[PDB]
Amino acid sequence: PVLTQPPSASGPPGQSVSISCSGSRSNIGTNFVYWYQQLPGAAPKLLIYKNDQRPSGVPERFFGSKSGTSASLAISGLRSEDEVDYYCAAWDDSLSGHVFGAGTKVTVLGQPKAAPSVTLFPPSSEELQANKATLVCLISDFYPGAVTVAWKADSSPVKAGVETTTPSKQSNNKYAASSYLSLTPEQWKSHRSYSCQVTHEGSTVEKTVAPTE
Amino acid sequence: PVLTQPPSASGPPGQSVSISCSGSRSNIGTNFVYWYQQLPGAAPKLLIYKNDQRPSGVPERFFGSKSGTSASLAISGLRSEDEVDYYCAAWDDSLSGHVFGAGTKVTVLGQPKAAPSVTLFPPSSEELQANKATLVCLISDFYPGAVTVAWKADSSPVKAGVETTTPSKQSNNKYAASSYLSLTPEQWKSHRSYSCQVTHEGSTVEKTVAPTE
Amino acid sequence: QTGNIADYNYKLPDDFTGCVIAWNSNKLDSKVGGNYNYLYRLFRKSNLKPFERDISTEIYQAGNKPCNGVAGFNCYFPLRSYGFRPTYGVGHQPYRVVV
Amino acid sequence: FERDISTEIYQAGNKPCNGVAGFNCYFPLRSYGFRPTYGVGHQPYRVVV
Amino acid sequence: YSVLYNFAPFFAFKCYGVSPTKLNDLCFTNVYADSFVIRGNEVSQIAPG
Amino acid sequence: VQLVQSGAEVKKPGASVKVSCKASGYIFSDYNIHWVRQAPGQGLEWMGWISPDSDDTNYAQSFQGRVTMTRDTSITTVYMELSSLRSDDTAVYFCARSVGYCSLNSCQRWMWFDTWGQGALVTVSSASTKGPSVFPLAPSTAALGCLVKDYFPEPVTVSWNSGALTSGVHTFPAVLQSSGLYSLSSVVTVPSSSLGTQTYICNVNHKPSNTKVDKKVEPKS
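Chains as they are written, first to last, in the authors' numbering: chain U, 2 to 110, 118 to 221; chain V, 2 to 110, 118 to 221; chain P, 414 to 512; chain Z, 464 to 512; chain G, 365 to 413; chain B, 2 to 141, 149 to 229.
It is possible that some hints are incorrect.
[Unchecked claim] Quick list of in silico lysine-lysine cross-link-like pairs, DSSO-like style, CA-CA up to 27 Å:
#: 1; chain 1: Z; residue 1: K478; chain 2: U; residue 2: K121
#: 2; chain 1: V; residue 1: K46; chain 2: G; residue 2: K386
#: 3; chain 1: U; residue 1: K140; chain 2: U; residue 2: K182
#: 4; chain 1: V; residue 1: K51; chain 2: V; residue 2: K106
#: 5; chain 1: U; residue 1: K160; chain 2: U; residue 2: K140
#: 6; chain 1: V; residue 1: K140; chain 2: B; residue 2: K215
#: 7; chain 1: B; residue 1: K12; chain 2: B; residue 2: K23
#: 8; chain 1: V; residue 1: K197; chain 2: B; residue 2: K228
#: 9; chain 1: V; residue 1: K140; chain 2: V; residue 2: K197
#: 10; chain 1: P; residue 1: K458; chain 2: V; residue 2: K51
[Claimed, not checked] Facing chain P, from chain V, some residues (calculated, C-beta under 10 Å):
#: 11; residue: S23
#: 12; residue: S27
#: 13; residue: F33
#: 14; residue: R55
#: 15; residue: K67
#: 16; residue: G69
#: 17; residue: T70
#: 18; residue: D94
#: 19; residue: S163
Calculated from the structure, these hints are not laboratory results.
Backbone N, C-alpha and C fix where the C-beta goes; we use that ideal spot for every residue, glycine too.
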């Protein structure tokens, strides 16, 4: 069997939350449960071991315990400056090894929508020199994310391997995303109007840029 | 002719309040009813057309219809845009033209009481040397507006050519009344003193200053 | 002919000894906002005699209760307007028909 | 002019939901509330067509 | 239909069809009869298109 | 579309006032226009409708002989005027455009005012024109005020220390007078220790009169 965890959790700051880790009889209770937490862009670190003594290096803030099939890691409040996934680990007699949980996202609880801005970058003559033609459009200044970017030639959409990158976090409290599309120079000049659209869950704009200048 | 509507109708936010619009045989019932709302100091706009539908930009929140010789409008949620007035409109054949309603005012169901502060200002010497003198006393920073200024020359009120305006909404949601009285300077010279005791809510205040100071 | 027209607006007799003239006019009387000036009569108490114009602003009663000045729930107004817009095709353009 | 009845939870994105209520998976059946405190605009109308 | 309009005053009866009295003058064979309950703020959008 | 119109100002009774509406964006050959009036604290009133492409016109049952009609197709405007103005006619006028097109009497049922034009309040009254007169005042923390009198016409702009003083300013709404003129006051709040140590300057500007007047307020002992 594989230990499972909820994919994400939502807890507002100021009150305590906890994460549950459902398991089985042979993995939880008869075997100790360890909770791993990892910083983004850094190394992981153990949070609690043997479910009732705390490691040295952390203040008296967290709490962990096991109760039968599931184990709960009590988090006494939440700070908005630190959002860290928690891992669930145990040991099983049948597979004779360490098996790990899925992990849970933690987030604080709303902000109003913004006005997104999209730009289109047609290639120069040096890119059409290489017997190739690629198109890129970028979407920025939107909050929050979860946006989808699709291309449109104002008459019919094209599916020639359309890809969309995941949204990312910037340092100025804003999100950004980009899309790429590579074609042949013969089909590139077959249409004189190219654009890409974004889905801001209520806002949609079109960037009509002619491939002339 | 005209349409009989209540002068005002108010309700707490979070619930629904109704507005009635009565009519005659030819005013409504054989025709279609339309509703218009207007922002204060702006232009009116369409609210409900063809007795059921709403134009683009108007959400599903607004609602109105008719049953017999009368029409009803219902709103749900008074936060920032339902404090404006509403009008009931229809067409008849007696006047051979559009006949409109009188006006319905909708408020919400909140400010602390402010005591009135009257400040009397004696004339300067430049007014005395120019043979001009205007009796001035103004009341500001009071809520709700119930002021009543009196021109009492220490023995009896004076009422002759009194120019009194209405209170208006300032930038701090307050009122500022004003009243002027222009006479010859020689009666002010003959007067011993002057006081403008405003009677707002019953808390009468006195601000007596010498004409010479 | 049986239908919305030639049964309540202008019914033509079986013998006529003549004909009509029809042509397309989508700019002289058709407007982008809809020319509501042209309208037809939808509901009538009975059929129409041939060559008999009928004008009436009264409401046609459509229930048990006699509609005198109330309409909308039981009885309708017999006149409906045309949505003459140039955004349509050919089956809804205003045709200027003279007999 | 067709009827549909379902009880499976609707997924608004790529989140795999098969009985769990995630932050992107919402239950497609929401109930009303009918009280005399509510006004004319929040009352049930027996609409028959 | 005689026994139809004795069930309280209605709310909305805009129609794009025939009169109730000529429903007596024209004999029919098939009519759909379905009903549901909606909040009063959400009945105004029940229209074709 | 945008519906700019040019308003008017205060005028003598019984004269003629010219107000016009401008049509932009949409083609001004397919949409009827509608004119309404709004008295302060009173409902709107209908008079008639004017076709843009024709000389067709219609008036209400109460306002028939006091209103005329003028069209300017090349300018793409509409021209209206009022004759024999009354005292209770100080109402704002809206240039409202109705959707669709109607010229018959019975076509008025399916007509609703889609868009409206912004209006300027025109009040008909006669009073002397001239530069504003500023009346000196003495202070009664003790505050001081600045009084301006018989300014004509509206409005006036008040400035303190030629724009150097911004904090503590407070204006007052205009009043009505029996002589037909207007009055206004401006009272500022100052600390009680700066009545004589620091002396302030009150100024007013009136752009119709094209003149500026200055004074020097002095508290009295």
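Could you check the structure against the hints above and give me the numbers of any it violates, in ascending order? Violated: hints 2, 3, 11, 14, 19.
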